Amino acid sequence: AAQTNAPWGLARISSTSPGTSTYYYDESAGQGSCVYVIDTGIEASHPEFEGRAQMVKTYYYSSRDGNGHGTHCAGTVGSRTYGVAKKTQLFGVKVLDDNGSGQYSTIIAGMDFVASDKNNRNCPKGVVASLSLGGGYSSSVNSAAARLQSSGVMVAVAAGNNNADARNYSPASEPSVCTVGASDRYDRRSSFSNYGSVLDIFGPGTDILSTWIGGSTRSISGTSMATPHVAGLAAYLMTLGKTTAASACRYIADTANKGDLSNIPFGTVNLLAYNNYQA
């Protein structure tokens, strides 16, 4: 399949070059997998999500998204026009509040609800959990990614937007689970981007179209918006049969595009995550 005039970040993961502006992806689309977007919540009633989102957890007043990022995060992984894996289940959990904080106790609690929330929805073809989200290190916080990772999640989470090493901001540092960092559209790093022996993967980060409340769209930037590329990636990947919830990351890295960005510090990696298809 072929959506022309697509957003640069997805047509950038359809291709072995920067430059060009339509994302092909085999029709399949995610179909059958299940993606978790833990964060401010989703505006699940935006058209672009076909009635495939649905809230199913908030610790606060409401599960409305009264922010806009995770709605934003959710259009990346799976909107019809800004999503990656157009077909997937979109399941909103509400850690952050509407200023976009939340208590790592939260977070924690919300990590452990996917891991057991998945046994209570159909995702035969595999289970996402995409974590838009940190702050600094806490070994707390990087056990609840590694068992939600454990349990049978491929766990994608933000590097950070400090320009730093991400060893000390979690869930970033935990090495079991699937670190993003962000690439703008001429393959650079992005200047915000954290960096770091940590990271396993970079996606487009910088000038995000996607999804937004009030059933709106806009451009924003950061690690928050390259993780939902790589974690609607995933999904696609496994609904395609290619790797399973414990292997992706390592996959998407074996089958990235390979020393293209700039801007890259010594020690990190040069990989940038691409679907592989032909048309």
Contents of the next structure:
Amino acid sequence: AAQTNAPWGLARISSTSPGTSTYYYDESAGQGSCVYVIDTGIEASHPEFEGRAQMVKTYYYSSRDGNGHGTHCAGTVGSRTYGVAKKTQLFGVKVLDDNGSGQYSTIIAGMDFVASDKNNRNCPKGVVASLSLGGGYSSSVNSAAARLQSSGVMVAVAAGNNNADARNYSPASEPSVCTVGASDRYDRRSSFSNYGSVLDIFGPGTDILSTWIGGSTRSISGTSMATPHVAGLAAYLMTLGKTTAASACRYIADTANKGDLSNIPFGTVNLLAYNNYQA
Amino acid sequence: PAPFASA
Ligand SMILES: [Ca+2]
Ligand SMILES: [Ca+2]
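Could you output the structure for the form solved in complex with the partner chain, given that the previous block was the form deposited without the partner chain?
Below: every chain and molecule of the assembly, starting with the one above.
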């Protein structure tokens, strides 16, 4: 399948080269997979989700995304226009308040929630969790992310936006999950992207168009935007049978575009998420 | 605590 005039990041994920604008992907499109977006919520009524999104948990007065961040990330995973895996099922877990903040205790509970809740959902092609969030190093947050992964979920987490080594941030620094840095449309490391040995992969993160609340769209930047590209890619590849939740991060690294990015510090992978879709 | 930008 070909989507013309796609957001640059979608085109990038299906290209060996920067500078193109069509997204190419197998029409299976993540059908039969599930992606949990653990964030500020998801505006499930957005036409872009086509009824494939739902809220399943909140820790706040409402399950509504009163921020937009979670809706944007969900859109990059799985919206019809802005998403990588256009037929996946999206599940929202609102661990962040409408100011985009959440206590680590809440974030941990949300991860353990997903590890159990997947057993209540129909995801025959597998389960992914996208965590476009984090803070300072916490062994408890990392352990929660490790449990979620161990439980059979492909966990993708943001590296963080500190232009610093991700070793000092969580859940970015948990080795066993898929830690995602950000790039721009010219294949530069995004200016804010964290880096370091713990990064597994980069994805598009600067100037990413996706869904927003109030049935709208906007472009924003961050490792929060790169993460759902990778989460959606994992779901897509799992639907194709090319990999599994346990192995998807490694598979994505194996099959990534190598050496394309600039300003990658020595000791950080130079790997850009790529679907290797050949029509 | 928290995320990366109520972006
Ligand atoms: Ca090229
Ligand atoms: Ca890792």
